[PDB]
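Every protein chain of the complex appears in place save one, which is left out.
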Amino acid sequence: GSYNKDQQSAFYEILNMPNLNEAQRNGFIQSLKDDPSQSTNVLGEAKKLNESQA
Amino acid sequence: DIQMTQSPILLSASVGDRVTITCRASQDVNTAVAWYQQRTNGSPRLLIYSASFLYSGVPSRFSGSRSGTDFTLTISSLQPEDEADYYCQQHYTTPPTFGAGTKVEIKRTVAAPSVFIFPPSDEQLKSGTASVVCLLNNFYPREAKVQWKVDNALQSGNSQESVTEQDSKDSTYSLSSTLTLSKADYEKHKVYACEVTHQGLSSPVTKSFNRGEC
Amino acid sequence: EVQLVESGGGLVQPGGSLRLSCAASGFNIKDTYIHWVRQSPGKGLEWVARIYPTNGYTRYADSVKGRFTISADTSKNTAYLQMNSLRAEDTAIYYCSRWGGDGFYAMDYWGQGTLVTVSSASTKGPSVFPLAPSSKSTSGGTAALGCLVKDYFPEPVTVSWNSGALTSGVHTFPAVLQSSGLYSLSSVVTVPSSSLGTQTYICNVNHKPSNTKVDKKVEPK
Partner (left out) sequence: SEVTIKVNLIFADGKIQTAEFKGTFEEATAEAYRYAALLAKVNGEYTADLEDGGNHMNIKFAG
């Protein structure tokens, strides 16, 4: 499917996170595709995990 | 009452040209005349008040003058965003009255339209009517001929046109022609064609589709 | 900033009544004249009435005298137009304006206008259909898509794209009255061909008179 500029931005953030491994990166991207209503929540958990793996 | 007679009805000029439009009071109104601009579906904008005074924030290319009962509005260097209706109004006596308006159009180089066609949506086709849309995009001049053919039969009486306001930047027009048929009739025929004749095209352009094609 | 905001316009039957309001801000209507001016669809401007709120002096166009009344409440900085015994020819956008503000003997500020429709016809919300981009709506690497907003009454409808984020290349056509007595229009937008399938395109359609709000996603067929 296609995405608005907001969904694109969440994708971009998770794609660029330096401390995620690729299983985690793609898992979070998959969640963004799964449920757009959860974009903010998903991004927040991705950030927490990225920070904890610094 | 006092009537205000505006002239011309329509004036068309190139970007950078000086244009003058006029307004005549049926009797003395001293200098009690204002000019308004109206465009892009917006409210009237005051340009000039008391015949010759420029309202704050209005570009200096606008000016007004009076000679007896004759009032003029002049635009010294016409810009594309000046395409509009212009109205004069007197307040010398009650009722305050308006001129009937002058429309200013921008003259520019000829541009042939991009011609596109849209079959009825599957969503519309669930119920009983079919709308076919022919789109002519970003062309000049406004004059264009759009004819519908269904299985090569010329259609009449079942289409309507709409045209956009002259574009604020590139001074082009766009036009839609919509053919309306019953769903039953749409499903009975195969070839749907929009034929466009325009000065910018070396010969008429037909845009078409077969019902059912991807 | 000086501002005037009209409200109250809507569909009314012939012989019916409507009340418009004109809310002023950024100045006091006690210091100016307030006018109502109307405009029939596709026609010129016509003065309707005026009031000087400081002393309540009023004047009317002959065509509305006795049927319309203008008034003001300086405590609410608002003017009003009561419209009774309405007729088809009263159909128009009604603007309020000020005159004499800051010493300017002209109408220097106007509201956005409110539409009054006098008709026996009933309110009807639009159907919103996709105009899907296809091989038949693309050339030169750009593609046209849109929404058909069909069969509504009365005017107006508004259309935006992607909640106002998409404005370039948009053409929203003037509504046209169909033989059915219902309005229809299309709004189209031209975008890069390469963006189809990756960028979401949604037309946001609002028909306030029927409380119809539709967000229609438009994608390739």
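As written, the chain order gives the labels A, B and C, with residue 1 at the start of each chain.
Methods note: a residue touches a chain if its C-beta (ideal position, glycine included) is under 8 Å from a C-beta of that chain, and two chains touch if they have at least 3 such contacts.
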Query: In the full complex, which of B:1, B:28, B:70 or B:122 touches the chain missing from this view?
result: B:70
- prompt: Looking at the whole complex, which of B:17, B:123 or B:195 touches the chain that is not displayed?
  reply: B:17
- request: From the listed residues B:3, B:7 or B:30, report the one that touches the chain absent from this view.
  value: B:7
Task: Among B:107, B:142, B:188 or B:190, single out the residue that touches the unshown chain.
output: B:107
- request: In the full complex, which bits of subunit B touch the chain not displayed? Write them out.
  value: 5, 7-14, 17, 19-20, 22, 70, 72, 107
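As a working rule, only the chains that are shown with their structure count from here on.
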Message: Nearest whole angstrom, what separates the Cα centre of subunit B from the Cα centre of subunit C?
response: 18
Query: If you average the Cα atoms of subunit A and of subunit B to get two centres, how far apart are those centres in Å?
result: 48
- request: Flag every residue of subunit B that touches subunit C in the complex, lowest number first.
  value: 32, 34, 36, 38, 43-46, 49-50, 55, 87, 89, 91, 94-101, 114, 116-124, 131, 133, 135, 137, 160-164, 174, 176, 178, 180, 207, 209, 214
Subunit C residues within the subunit A interface of the complex: 162, 165, 197-202, 219
- prompt: Okay, in this complex, where on subunit C does subunit B touch?
  reply: 35, 37, 44-47, 50, 59, 61-62, 95, 97, 99, 104-108, 110-113, 127, 129-132, 134-140, 144, 146, 148, 150, 171-176, 178, 184-186, 188, 190, 221
